[PDB]
Amino acid sequence: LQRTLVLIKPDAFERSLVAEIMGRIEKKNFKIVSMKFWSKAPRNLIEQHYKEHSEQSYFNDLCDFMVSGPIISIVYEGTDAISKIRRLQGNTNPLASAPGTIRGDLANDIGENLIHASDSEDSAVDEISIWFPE
Amino acid sequence: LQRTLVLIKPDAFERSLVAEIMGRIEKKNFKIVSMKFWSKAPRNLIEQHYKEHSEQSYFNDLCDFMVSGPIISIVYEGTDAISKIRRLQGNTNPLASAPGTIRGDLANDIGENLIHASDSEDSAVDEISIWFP
Amino acid sequence: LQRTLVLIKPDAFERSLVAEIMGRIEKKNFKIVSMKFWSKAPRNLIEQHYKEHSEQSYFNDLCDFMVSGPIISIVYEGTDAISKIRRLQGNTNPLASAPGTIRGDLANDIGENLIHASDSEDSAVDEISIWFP
Amino acid sequence: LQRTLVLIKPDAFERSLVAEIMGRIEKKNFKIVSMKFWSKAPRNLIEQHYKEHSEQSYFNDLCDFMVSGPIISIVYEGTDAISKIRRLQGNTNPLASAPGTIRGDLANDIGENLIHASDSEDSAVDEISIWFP
Amino acid sequence: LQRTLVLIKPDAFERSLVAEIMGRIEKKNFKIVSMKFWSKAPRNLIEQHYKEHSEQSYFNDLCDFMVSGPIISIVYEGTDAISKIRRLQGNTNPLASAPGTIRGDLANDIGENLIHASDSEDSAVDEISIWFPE
Amino acid sequence: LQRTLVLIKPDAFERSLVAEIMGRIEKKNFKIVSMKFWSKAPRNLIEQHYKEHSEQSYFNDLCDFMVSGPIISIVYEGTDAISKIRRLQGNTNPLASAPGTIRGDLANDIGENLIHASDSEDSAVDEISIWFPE
Ligand SMILES: O=c1ccn([C@H]2C[C@H](O)[C@@H](COP(=O)(O)OP(=O)(O)O)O2)c(=O)[nH]1
Ligand SMILES: O=c1ccn([C@H]2C[C@H](O)[C@@H](COP(=O)(O)OP(=O)(O)O)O2)c(=O)[nH]1
Ligand SMILES: O=c1ccn([C@H]2C[C@H](O)[C@@H](COP(=O)(O)OP(=O)(O)O)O2)c(=O)[nH]1
Ligand SMILES: O=c1ccn([C@H]2C[C@H](O)[C@@H](COP(=O)(O)OP(=O)(O)O)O2)c(=O)[nH]1
Ligand SMILES: O=c1ccn([C@H]2C[C@H](O)[C@@H](COP(=O)(O)OP(=O)(O)O)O2)c(=O)[nH]1
Ligand SMILES: O=c1ccn([C@H]2C[C@H](O)[C@@H](COP(=O)(O)OP(=O)(O)O)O2)c(=O)[nH]1
Ligand SMILES: [Mg+2]
Ligand SMILES: [Mg+2]
Ligand SMILES: [Mg+2]
Ligand SMILES: [Mg+2]
Ligand SMILES: [Mg+2]
Ligand SMILES: [Mg+2]
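Chains as they are written, first to last, in the working numbering: chain A, 8 to 141; chain B, 22 to 154; chain C, 22 to 154; chain D, 22 to 154; chain E, 8 to 141; chain F, 8 to 141.
There could be a bad hint or two in this list.
As the list claims (entries may be wrong) - Pair by pair, the computed Cβ-Cβ distance ranges are:
| id | chain 1 | residue 1 | chain 2 | residue 2 | range |
| --- | --- | --- | --- | --- | --- |
| 1 | B | 107 | F | 133 | 53 to 63 angstroms |
| 2 | C | 147 | E | 86 | 39 to 49 angstroms |
| 3 | B | 153 | A | 60 | 31 to 41 angstroms |
| 4 | F | 137 | E | 86 | 48 to 58 angstroms |
| 5 | E | 87 | F | 61 | 21 to 31 angstroms |
| 6 | C | 140 | B | 142 | 16 to 26 angstroms |
What the hints assert, rightly or not - Now the stretches of chain F that chain D is said to cover, found in silico as 3 or more residues with beta-carbon under 8 angstroms:
| id | stretch |
| --- | --- |
| 7 | 40-47 |
| 8 | 117-131 |
What the hints assert, rightly or not - Pulled a few chain C residues facing chain B out of the computed Cβ check, cut under 7 angstroms:
| id | residue |
| --- | --- |
| 9 | 48 |
| 10 | 50 |
| 11 | 52 |
| 12 | 122 |
Simulated from the structure, these hints should not be mistaken for laboratory data. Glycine residues also receive a C-beta, built at the ideal position from the N, C-alpha and C atoms.
Bound conformation, chain A alone:
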């Protein structure tokens, strides 16, 4: 029984795909443990979530996009939640994300990709404590 951190990005709200994305996870039978809505995440919170990408050239545009609209932070719980939800998510690249996945079906840009999902146990614990410090 694992717990994973998921972010509904600003492009979801702009395109009205919020329920679509959450429904795909809900239908997979994953249970919401914690959920927080942000009218606008603080840039610092974002920079922390993506601290691994600070040296990348897209870092600043990435941070700019993540504060350009509302965000929903969610902790999903279930057996092997981390890897499973990653597979539902789909590849970061629009040239690779398979049809049937969230990105494969709905995302068309490598930056604006609708959804974040922790990629491992270590980073899950880490990202859960960033969005739900309590």
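Fit chains B, C, D, E and F with the ligands to the known structure of chain A by using the hints.
Only chains B, C, D, E and F with the ligands this time, still in chain A's reference frame:
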């Protein structure tokens, strides 16, 4: 341009209809301005939310049901949000709720009806202050 | 808590709308208690099912249509199943059937209307005994 | 068996609701007989399409909106297409449009209402000749 | 033109995914030849359907689950129906079943996996004769 | 930013999957640049579109099927539109087209496969000029 208070009831979670419901409101172009997830709402918030029904026969069952599962409290914003979302919601009674409405399509019980929505400007103001103080 | 008799008509199969129809009833929380697939219903079951229309002008076309493809007979159970599913069904006439109802959304002919549903306690009892003796 | 004129408005494109709308009509069994995509409809076609509203207060905003994005003009054919598709469409006013209708479900503005549909035999004949001469 | 045996398992009825599953097959354009509804399959009928798994450690739980609710037995017919419907079904394992498949989209357990589908010509003939002895 | 040619084939209209197919592309966020409806494409226009398959044994049946009903020609525009829409389309073969793709989900025949999509830059330019000579 109004704001209304919406509750996603425990039966929505039990039946995995959370996204479905929020989806029907999202497609009508209403924007979220506040949202909070309750693994279990405090008994007293529920009793105050339904303070008007405190002397009604179903009151106790109504509250028991409201704390029997998680709920989501949501403030929706849009032009004439209150009356419009009430329209989406559908009648409390399964015998009167019209197909195409949330309850008319999905709900089959007068008590377990999936969704709450403020019924007026004044009540919306109270209910909003109850869940987001 | 009632039981009602539902027929999935041949035009549902021709248009691949079988799951769609059964889906709208399933989402309303009604449970199946009996189900039988007919690659071709016997002419006499049809004529008895519609025994009330035997002297009507459309009777022959109605029966011809009912045996022109497969059908599914289903007994649904739920609190007030008869009136509620009738509501989901929608008016026989394409001019009167409301959007959000099965026929109102999907059907476009007074004869080929996709679905049958008992219209009362008494008729439901007969129709159920016709298809599941 | 009638033919009616349908316009898929710019807000359908902006909100990616094009397929959704055309889908609701396709499921009702109406067939396309003519279709044309306009990256930007000519101002004069719009003003003639709405020639009846030329003296109304909203006329200018209505036209500005109609040329602010792409549109799709479609001739639909089916038995009683005009009145039926009008029914699918739903009331112009967000306060009156019923859930289950196109506008009632998706639209939230009296001006930006996603879809146009001829309102009579005579008007359908004019509107059809305007977009497909 | 092949015929294959399909079972809608008890978890479908509990979660109200019956129409969802059948609709995915219907949209693929497969035709129903035979269909039987069981309020509760007899354990023996189940033990026969899974006679190959009698020595497995999950056999008894498997049988217990299969009689815990209603079941729909269906014979679908179409060109290469057996292999095609298997691919729609998706892997038994939730760590493998791909998004876009029935299990990949809706199943989250290796036991409660919503749907059975014959895996070959031999077993199809065999399973069809178990549920439709006529 | 590429442009690709897409054809909604006669089997889509017969089965009422027109909106379904276009919606999958629309949700992927591809923009319609040009669109033409044909009550019946001229056989010659079809023979040109498939001039590469003139020596194949299915050529004539292919052409017969393509004029057996209405067709919608569409130019979609977007980054890498050609390869992406191909992946949404799915393999020509029903034994290969993956679930989650258009053909994988809806097509069950190798001939009647619902949708055409240019396979490269060269053929896109070529097919766009066939259906939209202007
Ligand atoms: O070349 C890239 C790689 C990533 N990102 C953005 C998108 C992604 O959501 C975020 C973090 O990258 P990742 O962790 O590799 O993506 P994922 O979200 O798939 O883990 O950085 C880019 O804009 N360009
Ligand atoms: O006879 C009744 C009436 C209402 N309720 C419950 C359901 C409803 O959600 C809540 C409040 O009732 P309401 O405000 O009259 O209904 P609505 O929620 O439609 O405003 O009380 C019952 O259990 N039994
Ligand atoms: O003018 C008519 C009326 C009815 N029927 C067919 C359609 C209907 O399914 C069946 C039985 O009619 P009904 O019981 O009056 O309609 P419903 O099925 O809505 O109860 O007869 C016609 O073909 N023409
Ligand atoms: O008060 C109004 C009434 C109408 N319109 C626009 C919306 C409508 O699409 C168009 C034509 O109006 P109509 O023909 O009366 O509405 P409908 O489109 O429902 O026939 O004018 C407005 O902007 N404001
Ligand atoms: O490790 C396992 C393997 C299988 N099963 C159950 C699920 C499956 O539905 C049934 C038969 O197994 P299978 O034939 O290998 O699965 P499939 O249904 O994918 O053919 O046994 C388990 O509970 N645990
Ligand atoms: O063995 C075959 C191969 C192809 N075709 C038809 C289907 C296809 O749509 C068309 C062109 O073939 P293709 O370009 O290889 O298919 P695709 O549309 O996947 O590019 O010829 C057949 O009928 N049989
Ligand atoms: Mg990562
Ligand atoms: Mg109240
Ligand atoms: Mg009758
Ligand atoms: Mg007008
Ligand atoms: Mg097996
Ligand atoms: Mg090719």
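*Is it true that residue 87(E) and residue 61(F) lie within 21 to 31 angstroms of each other by Cβ?*
holds (28 angstroms)
*Does the Cβ pair residue 137(F), residue 86(E) satisfy 48 to 58 angstroms?*
The hint (48 to 58 angstroms, Cβ to Cβ) is violated, given that residue 137(F) and residue 86(E) are roughly 31 angstroms apart.
*Given residue 122(C) as an interface hint, is the shortest Cβ-Cβ distance to chain B below 7 angstroms?*
holds (5 angstroms)
*Please verify that hint: residue 52(C), Cβ, nearest Cβ of chain B, below 7 angstroms or not.*
violated (10 angstroms)
*Quick one, is the residue 48(C) hint okay against chain B at 7 angstroms, beta carbons?*
holds (6 angstroms)
*Supplied distance hint 53 to 63 angstroms, evaluated on CB atoms of residue 107(B) and residue 133(F)*: Check passed, 56 angstroms falls within 53 to 63 angstroms.
*asked:* Verify the CB-CB distance for residue 140(C) and residue 142(B) against the hinted window 16 to 26 angstroms.
replied: violated (42 angstroms)
*Interface hint outcome for residue 50(C) [beta carbon to chain B under 7 angstroms]*: Cβ of residue 50(C) sits 4 angstroms from chain B, so the hint holds.
*Look at the Cβ atoms of residue 153(B) and residue 60(A) and judge whether their distance stays inside 31 to 41 angstroms.*
Holds: the Cβ-Cβ distance is about 34 angstroms, inside 31 to 41 angstroms.
*At a Cβ distance under 8 angstroms, does chain D reach at least three residues of the stretch 117-131 of chain F?*
violated (count 0)
*Verdict on chain D covering the stretch 40-47 of chain F, criterion of 3 CB contacts below 8 angstroms*: Held - the stretch 40-47 of chain F has 6 residues with a Cβ nearer than 8 angstroms to chain D, which meets the minimum of three.
_Consistency of beta-carbon spacing, residue 86(E) to residue 147(C), with hint 39 to 49 angstroms_ = holds (42 angstroms)
When held up to the earlier numbered hints, the structure conflicts with 4, 6, 8, 11 and fits the remainder.
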